[PDB]
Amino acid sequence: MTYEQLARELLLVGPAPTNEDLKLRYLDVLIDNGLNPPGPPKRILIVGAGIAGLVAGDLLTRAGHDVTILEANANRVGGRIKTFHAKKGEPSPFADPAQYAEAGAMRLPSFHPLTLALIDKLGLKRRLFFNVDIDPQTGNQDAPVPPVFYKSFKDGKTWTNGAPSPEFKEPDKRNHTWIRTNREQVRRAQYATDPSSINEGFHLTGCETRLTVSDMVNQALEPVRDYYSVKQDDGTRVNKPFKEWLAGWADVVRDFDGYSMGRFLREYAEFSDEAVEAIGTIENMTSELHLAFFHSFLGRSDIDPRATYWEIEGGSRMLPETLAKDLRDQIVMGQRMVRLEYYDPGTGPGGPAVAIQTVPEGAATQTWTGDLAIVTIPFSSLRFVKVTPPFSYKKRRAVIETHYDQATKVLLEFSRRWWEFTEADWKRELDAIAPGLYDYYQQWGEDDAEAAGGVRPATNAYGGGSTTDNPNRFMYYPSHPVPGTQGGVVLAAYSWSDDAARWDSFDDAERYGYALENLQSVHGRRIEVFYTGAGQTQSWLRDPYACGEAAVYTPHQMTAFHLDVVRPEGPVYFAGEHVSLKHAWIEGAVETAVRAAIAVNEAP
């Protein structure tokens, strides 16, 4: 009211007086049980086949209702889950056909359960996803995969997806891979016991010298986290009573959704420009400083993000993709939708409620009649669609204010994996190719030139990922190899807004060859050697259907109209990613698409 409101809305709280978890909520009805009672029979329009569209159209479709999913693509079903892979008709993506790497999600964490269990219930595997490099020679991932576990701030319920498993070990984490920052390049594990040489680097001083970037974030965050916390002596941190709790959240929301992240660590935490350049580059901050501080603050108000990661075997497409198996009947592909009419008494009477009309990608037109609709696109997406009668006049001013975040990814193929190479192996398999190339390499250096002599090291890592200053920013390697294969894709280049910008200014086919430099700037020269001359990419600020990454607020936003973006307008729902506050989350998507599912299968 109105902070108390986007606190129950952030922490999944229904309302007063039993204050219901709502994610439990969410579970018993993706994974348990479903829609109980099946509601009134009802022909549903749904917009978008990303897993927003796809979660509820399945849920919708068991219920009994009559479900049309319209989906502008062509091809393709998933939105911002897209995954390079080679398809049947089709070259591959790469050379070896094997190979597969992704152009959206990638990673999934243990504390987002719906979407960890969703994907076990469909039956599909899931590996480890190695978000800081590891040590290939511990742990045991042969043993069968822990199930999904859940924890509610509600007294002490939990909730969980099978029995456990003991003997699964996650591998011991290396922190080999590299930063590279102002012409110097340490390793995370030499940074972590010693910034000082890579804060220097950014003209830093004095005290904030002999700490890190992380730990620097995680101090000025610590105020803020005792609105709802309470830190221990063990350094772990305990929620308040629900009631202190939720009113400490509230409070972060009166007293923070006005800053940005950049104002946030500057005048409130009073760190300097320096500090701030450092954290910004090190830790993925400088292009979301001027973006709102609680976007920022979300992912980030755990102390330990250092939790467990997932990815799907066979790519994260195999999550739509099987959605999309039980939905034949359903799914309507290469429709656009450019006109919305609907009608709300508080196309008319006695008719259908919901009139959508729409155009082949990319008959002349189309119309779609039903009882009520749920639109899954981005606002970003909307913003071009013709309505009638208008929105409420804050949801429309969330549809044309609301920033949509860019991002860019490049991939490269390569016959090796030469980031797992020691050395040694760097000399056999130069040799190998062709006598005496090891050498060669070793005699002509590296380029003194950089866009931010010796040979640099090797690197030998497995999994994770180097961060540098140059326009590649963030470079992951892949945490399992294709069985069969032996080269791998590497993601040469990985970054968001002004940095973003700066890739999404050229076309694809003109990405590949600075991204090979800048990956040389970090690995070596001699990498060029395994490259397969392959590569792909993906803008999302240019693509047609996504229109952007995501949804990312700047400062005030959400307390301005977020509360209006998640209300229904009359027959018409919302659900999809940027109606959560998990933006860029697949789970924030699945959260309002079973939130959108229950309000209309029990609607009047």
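Basically, rigid core = biggest C-alpha set you can superpose within 1.5 Å across the two forms. Numbering follows the first chain given and starts at 1. What changes on going to the form deposited in another entry:
Considering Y393, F384, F506, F242, one residue stands apart with a C-alpha shift of at least 2 Å between the two forms following superposition on the core, and it is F506.
Core-aligned CA deviation for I303 between the two forms: 2 Å or greater. Comparing the forms between the two forms, the C-alpha position of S497 differs by 2 angstroms or more, with the core used for superposition.
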The other form holds:
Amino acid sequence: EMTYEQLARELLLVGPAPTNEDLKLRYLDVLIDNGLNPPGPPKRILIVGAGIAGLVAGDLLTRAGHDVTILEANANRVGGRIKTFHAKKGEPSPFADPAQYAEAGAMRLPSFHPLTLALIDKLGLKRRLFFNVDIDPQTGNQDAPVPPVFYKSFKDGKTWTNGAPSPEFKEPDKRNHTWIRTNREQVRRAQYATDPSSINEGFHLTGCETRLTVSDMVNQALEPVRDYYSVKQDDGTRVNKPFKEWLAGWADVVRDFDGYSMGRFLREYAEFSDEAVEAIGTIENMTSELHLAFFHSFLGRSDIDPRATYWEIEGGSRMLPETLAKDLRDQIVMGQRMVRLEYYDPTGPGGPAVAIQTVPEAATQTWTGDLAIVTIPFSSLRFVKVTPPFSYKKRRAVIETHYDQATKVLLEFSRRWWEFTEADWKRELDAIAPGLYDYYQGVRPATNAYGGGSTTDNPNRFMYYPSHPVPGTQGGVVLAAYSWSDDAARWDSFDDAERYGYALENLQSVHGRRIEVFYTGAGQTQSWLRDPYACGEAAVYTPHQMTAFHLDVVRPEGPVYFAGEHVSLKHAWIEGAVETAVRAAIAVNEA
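Could you present the same protein in the form deposited in another entry, rather than the form deposited in one PDB entry shown above?
Chain alone follows, minus partners and molecules.
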């Protein structure tokens, strides 16, 4: 009963009654504006894990005078699931062009995630637009300074922002020239949007359902749910109800729908057919999430709203964690994997409150302190021996939280053929050989797309083209394959050469055999399940798990505090890790 209101508070970043403070305001205050409240006690803090959560918490707590040590199992790299392939001075380069880079993990940051964007700005880092949908490159004006970060609180005309507006900045126009290739037929997204029957009949859709895009189908199925906490305007836009029944509405969403997977919600509640769910699970999101909890899809990484604006970091996503890491060169210990965690909650009495044993990745090493923030995924925590045991429900959450399997395959091309008009294909193909153009004319139209990506039901699933070229380069690296579960597992068990052949072949199925001429022979692969420090992409709740034990996930265990994407309810997002990191830094500062 109160589980439901407390979960909606955790979900909505609402403080305890009766003040009901906006925690995102507090977090932006701390992280961006002030730093932490005057420390008071200066303490010895052990932070486990140098992903974004540990780096944000450690950078806060250190600047407040505490004695901080960050233990990182990886011997060469910080950032965790933020991972960019790029040329390193020791090693060779990942691609044939040493200037080329590409993402292995996080790649896009939404405008509705203010903590992270503001953090990137405060670190003096540059951001460009990330084109979720492919754009018309002769529209808008990106030369202007990026707009500031804006956040509107749920409260009394309370807003937060980063700086002055930049009215001369204009996003390019969505062009939707990219492909949907399902059931061996293929259309531009613009064609699918106006006549969804072309693709939907391929999934054996009939009746009313056939003439809706899967986006519309999904948004119509959700409108009665949105009604719990909001009213649609005259416009019709949505307006949140006043605070109380806005909060009591969300709490009844949790009560009514947490035992639903997204698929059972679509079949039994929205009354959609098997074929409608199959198409939704193919075009919009993935069939990953249909057996996952309803809440994972209504809040995770999905085509949120064409309304939304996305950003990327110039020079790679790694710039965020690696800049924070340089600020913390004295605190970060690399190559030390926590294998044992010992703590005292009223080591031992009088002495240190926490003791952590690490092992190198010089047989063991013991660390001590007063407080600890554990930010490692539960897939890692599972194999740490903890004494005394955690609370029962916390132990169950470690055992029962699943991580999803995801793999990214990246292919380097010497030219950005996805931008080519058929004219450009003529000019550039023949520039290499006498009649290379005529030699191909397995034939597809020219994609001629800037940004965005294509969707398919072959094992490549989602394909993304780089939003922006690497300055001074002539080619680009395509995210050729981004898939989950059994798809990802089969990707992982290929030899490297087989795997890039398969990814290239499936790319040709969409884009045309002739893309092969621009393939440099350089691929990279990231099998997040093969990563011993992640063992997956993100925490994914199955139905009922969130009310079963998520409140126990966030509770501290004596001197041990917890942070990371899995502690938030923004699973699979950077913003969830940054939120819970600030939240933990505030808490261990308190004592």
